[PDB]
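4 protein chains.
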Amino acid sequence: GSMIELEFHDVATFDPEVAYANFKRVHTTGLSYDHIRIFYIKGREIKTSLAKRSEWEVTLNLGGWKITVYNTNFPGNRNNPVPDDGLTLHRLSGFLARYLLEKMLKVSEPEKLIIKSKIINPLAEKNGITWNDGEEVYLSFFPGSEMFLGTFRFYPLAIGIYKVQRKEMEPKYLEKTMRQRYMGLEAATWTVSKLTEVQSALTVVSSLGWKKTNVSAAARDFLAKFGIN
Amino acid sequence: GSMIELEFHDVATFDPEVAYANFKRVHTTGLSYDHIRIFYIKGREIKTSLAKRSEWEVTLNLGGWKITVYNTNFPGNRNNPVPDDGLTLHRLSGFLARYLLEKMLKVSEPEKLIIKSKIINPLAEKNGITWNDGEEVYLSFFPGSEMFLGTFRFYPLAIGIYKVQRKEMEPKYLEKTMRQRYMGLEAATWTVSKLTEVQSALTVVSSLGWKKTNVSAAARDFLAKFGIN
Amino acid sequence: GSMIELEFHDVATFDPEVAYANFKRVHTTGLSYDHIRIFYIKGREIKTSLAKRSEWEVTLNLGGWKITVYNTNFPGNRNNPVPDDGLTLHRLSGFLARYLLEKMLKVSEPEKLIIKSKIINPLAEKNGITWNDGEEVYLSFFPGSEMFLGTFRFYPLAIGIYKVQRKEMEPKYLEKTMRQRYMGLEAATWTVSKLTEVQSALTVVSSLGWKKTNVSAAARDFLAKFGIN
Amino acid sequence: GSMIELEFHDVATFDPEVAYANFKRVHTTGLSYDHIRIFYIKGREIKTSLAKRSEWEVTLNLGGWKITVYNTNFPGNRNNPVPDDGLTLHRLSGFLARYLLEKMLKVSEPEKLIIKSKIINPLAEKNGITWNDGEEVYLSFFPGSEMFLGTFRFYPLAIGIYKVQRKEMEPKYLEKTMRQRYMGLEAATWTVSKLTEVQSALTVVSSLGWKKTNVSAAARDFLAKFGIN
RNA sequence: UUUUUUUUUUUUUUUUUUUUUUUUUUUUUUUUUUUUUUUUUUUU
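Residue numbers (the entry's author numbering), protein chains in the order written: chain F, -1 to 10, 16 to 232; chain G, -1 to 10, 16 to 232; chain H, -1 to 10, 16 to 232; chain E, -1 to 10, 16 to 232.
Since the hints were derived computationally from the structure, they do not count as laboratory data. Ideal placement from N, C-alpha and C gives every residue a C-beta, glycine not left out. Some hints could be false.
Said to hold, decoys possible - In silico DSS-like links for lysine-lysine, alpha-carbon gap of 25 Å or less:
id, chain 1, residue 1, chain 2, residue 2
1, F, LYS175, E, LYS179
2, H, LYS197, G, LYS228
3, F, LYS170, E, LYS228
4, G, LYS170, H, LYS115
5, H, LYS129, E, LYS214
6, G, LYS228, F, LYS228
7, H, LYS197, G, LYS166
8, F, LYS175, E, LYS109
What the hints assert, rightly or not - A few chain E residues that face chain H, going by a derived Cβ cut-off under 7 Å, partial list only:
id, residue
9, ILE2
10, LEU4
11, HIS7
12, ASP8
13, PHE17
14, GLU171
15, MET172
16, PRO174
17, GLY187
18, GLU189
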């Protein structure tokens, strides 16, 4: 027979605005609102199909649009460094959410209606929140939005906080959010410096009214009459 | 080595009475009460064996009777469109429950006794409910019955509501029921229009007395004397 | 390609004392207390190793002793009829527990000490119960003992009842016990006829003092001083 | 076909200080603080990678350092005797924790700073405890430390007790600790003989302040203001 | 009357967790989308 020897060795950065800058410059040239809605709608499937394949670098063909992404989803590929100028599924989702929010402020009133028609946010909709509830809010439901707490005016965090305190999400999912800048301010500084910003941001989200299930309006009420969620 | 590219593209109906009509016309010619009892009794196994095979279209041989069914049970086959004139295991179960309830009203008093002897409803029996408790009630325990809330006089819904409020079933399983017609009325209209119908329907089901376990009568009581379910 | 057809068909007894009789006659000729202690001690492993193999009929070689058992443990083999004169791992365990209890009453006082030294009951010991606590009690911890509630004077049931009411076991595991005879009496008759028998039987078991963990005597107490089980 | 026979047979020690002695003599010749930090940091991965391979005896190459370990982690390999002079992952972790604590008492004040810089204890750090909180405490977080309750002055036990009573760990994980010596004293003797030692040991650990999550200081407080852990 | 739970011993055997503005992963993903997901009778 035989005897294996397995080896190990010692060990011992990234900001979003520059990674976003670079992305916008290179990639968003040949890109359209149809290409984006594809990405967000099929986000569910794209995550799984990537988690199956073992190939470290994979390309997505979203309609016409095509991007190369580091497949950090596959179990084996996790926890191996990703370049500061690299794209993961997560970062991509965040960038695109920024990209849209920018358009949604600098573009034509009829053009805005093309966005609100085409682009659907699975996670916001499931929880009974639509474009109508606020363009900055709706888009901050997209994962990756927390990279830009500045741009999204603390809603990524507010949405999280509202979910943990109503038992929906676990405390550990707010970890990444808390290691993030606000405008320029670092974690501890803004934690109280801008506490009242977050206070109001939560106030906004708390009014919106989540959706436990994907049901009717009358259903919500009707079922509740016998003791329901 | 290699590097995969995987692609995606955009996206963007069915009523039971017509699907049932068509089914009854074509399929229930060479069919018998023995063929049905087979389907419902071995329903457990039929679901699993279908969930194993990957073949999108499969045929069932229930004694003499033979049907072709779209195998929507297999994990890979889920969420790919099923024709409005197509059969799934679920729809089949519902149709057959309608079919029986129709017979049970338009047939001979000795013929009814052939039904009550032969046809067994696993789910109703497990929960300590028998034919004696009402032919419309017993049959509405079969999955698919919710497609015809009219035909079954709101019992499919009542049974569900009684189960969630006593913690047995999860809230999300009443979703499909709530997207369904009643006679002609749509969800929101009947939700209150026919609220008192459902009120009484629940009253009926609540009297019947479920069975936590598959035990004796004396057992129920005896065990309870030491602090039991 | 292809298209599968899978088929199904209709469907539509055992007493322990005769199955035990037959077993004792044929099998317990070339058998010893060493052979038994093997069976009970390695019961853990014997269950698993049988659950791996797919062979419907398997033989056990317990030291010298050798028996043929229907491998009803393997997932695929479950729920296919077992002859009334057949042996399963469960039945075997029950029979051997009867067999011992019989010896333990009809044999020499020094011979009894050979039993109490050699034969160990994993499940009774884990729960801090030994031979000292009663030969009829200790042996009724062996699975299969419930087949002979008569022989074991309601302890199989008492032990169960004591476990569910202290949250250790789930209610459904008392199902099999309740479909069993007592002397000659059937379920409902003895349920109250002999209620006071069971009352006292529980009284006995409740005094014995279970063991949450496999720890010391001082440990029990010591750890408890900081708020412990 | 075929028909299997599977066989079984009857059945019917170790002190740490001698196993440690032997280890220190033979193995810690060509060994360095860099080699150790590797072992503890990658402990997570080393456990899994060993649990995959089925080879009963495996060697670790921790930087330069190389050891042979009995792979008792692999499911199949569990519960087959390990020599009293043998190494398991667990024992190794304990020995190395002793080894360090010894150095940390008998070495130069600048040399101590090399240790505190290089060697990281994943489990202590996760729970917000650092070298600063006490060299004997920090090191007793390493698994295996309970073999030497003497050397570590009851902290291995105190840490456990503090965790079960605050619901973090399950009661059964204190089993191994309780079957262990203290100086020379056996379980029951020291359980009260040295009760006040453990009392103070717990007092120490209870002051240290655990960390539910891996978050900031301001985060701890900030999140708590909306009802948080 | 088949299975599922739990299977002794200062047996020292496994099972729980495993750091670092680690920016990696883990949670959950739109439409009266009618698609799956839940349970499945009897001295079984």
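Results for each hint:
1. F/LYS175 x E/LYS179: Not satisfied, since the Cα-Cα distance of roughly 31 Å exceeds 25 Å.
2. H/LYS197 x G/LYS228: holds, 14 Å
3. F/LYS170 x E/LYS228: holds, 16 Å
4. G/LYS170 x H/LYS115: Given that 25 Å is the threshold and the Cα spacing comes to 52 Å, the pair is violated.
5. H/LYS129 x E/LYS214: violated, 35 Å
6. G/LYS228 x F/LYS228: With a Cα-Cα distance of about 34 Å, the restraint between G/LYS228 and F/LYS228 is violated, given a limit of 25 Å.
7. H/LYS197 x G/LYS166: violated, 36 Å
8. F/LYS175 x E/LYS109: Outside the cut-off at roughly 41 Å; violated.
9. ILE2: holds, 5 Å
10. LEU4: Nearest chain H Cβ about 6 Å off; hint holds.
11. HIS7: With a minimum Cβ separation of about 6 Å from chain H (threshold 7 Å), the hint on E/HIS7 holds.
12. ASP8: holds, 6 Å
13. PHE17: Interface hint status for E/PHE17: violated (18 Å vs cutoff 7 Å).
14. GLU171: violated, 13 Å
15. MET172: Hint violated; E/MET172 Cβ to chain H Cβ min 12 Å, cut 7 Å.
16. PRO174: holds, 5 Å
17. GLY187: Hint on E/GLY187: violated, closest Cβ of chain H at ~16 Å, above 7 Å.
18. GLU189: Nearest chain H Cβ about 9 Å off; hint violated.
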